[PDB]
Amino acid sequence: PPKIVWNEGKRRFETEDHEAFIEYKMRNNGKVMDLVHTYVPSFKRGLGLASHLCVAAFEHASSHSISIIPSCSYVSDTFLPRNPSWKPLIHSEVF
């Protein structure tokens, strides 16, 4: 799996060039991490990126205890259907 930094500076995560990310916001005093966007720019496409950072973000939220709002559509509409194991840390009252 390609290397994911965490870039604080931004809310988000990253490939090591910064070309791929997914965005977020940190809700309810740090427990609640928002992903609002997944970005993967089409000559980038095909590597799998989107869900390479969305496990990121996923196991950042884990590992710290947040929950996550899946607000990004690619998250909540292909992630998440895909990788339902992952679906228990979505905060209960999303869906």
Second form
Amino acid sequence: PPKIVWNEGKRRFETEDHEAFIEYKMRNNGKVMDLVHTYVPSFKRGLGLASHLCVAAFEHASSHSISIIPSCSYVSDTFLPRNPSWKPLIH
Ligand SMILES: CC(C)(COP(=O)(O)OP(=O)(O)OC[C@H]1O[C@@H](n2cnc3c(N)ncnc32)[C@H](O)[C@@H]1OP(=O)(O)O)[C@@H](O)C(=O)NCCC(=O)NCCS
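Next up, the form deposited with coenzyme A bound, please; the one we just looked at was the form deposited without coenzyme A.
To see the whole picture, the full complex is given below, headed by that same chain.
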């Protein structure tokens, strides 16, 4: 499919194996989620895993009324230009 989980205390959604993850920094007293860096290791690259990590932070922020700061350059450069319908999520 696959599967991504929320590791809240590390502040990221990540692959269950902990190796792929998108990290954020919350701001504005819980109202904003700043997506600061995303990480997929090599061998796992080019298979959409990065859109999947972004797809995990966006479905989540979206279900809680939290807007996104797209700091990570993967977010406002590849992921968002390919997923415009996520753009109204932007703070
Ligand atoms: C990029 C990251 C989100 C992992 O992504 P991923 O699962 O490989 O993303 P995918 O490979 O499926 O994405 C492919 C797309 O991401 C984009 N991308 C790659 N690096 C990027 C960057 N630094 N910033 C923005 N977008 C980028 C490419 O434009 C590519 O589109 P193209 O080949 O398809 O037409 C991120 O979590 C990471 O840490 N990457 C490290 C990547 C790296 O070190 N590459 C070294 C290449 S020498």
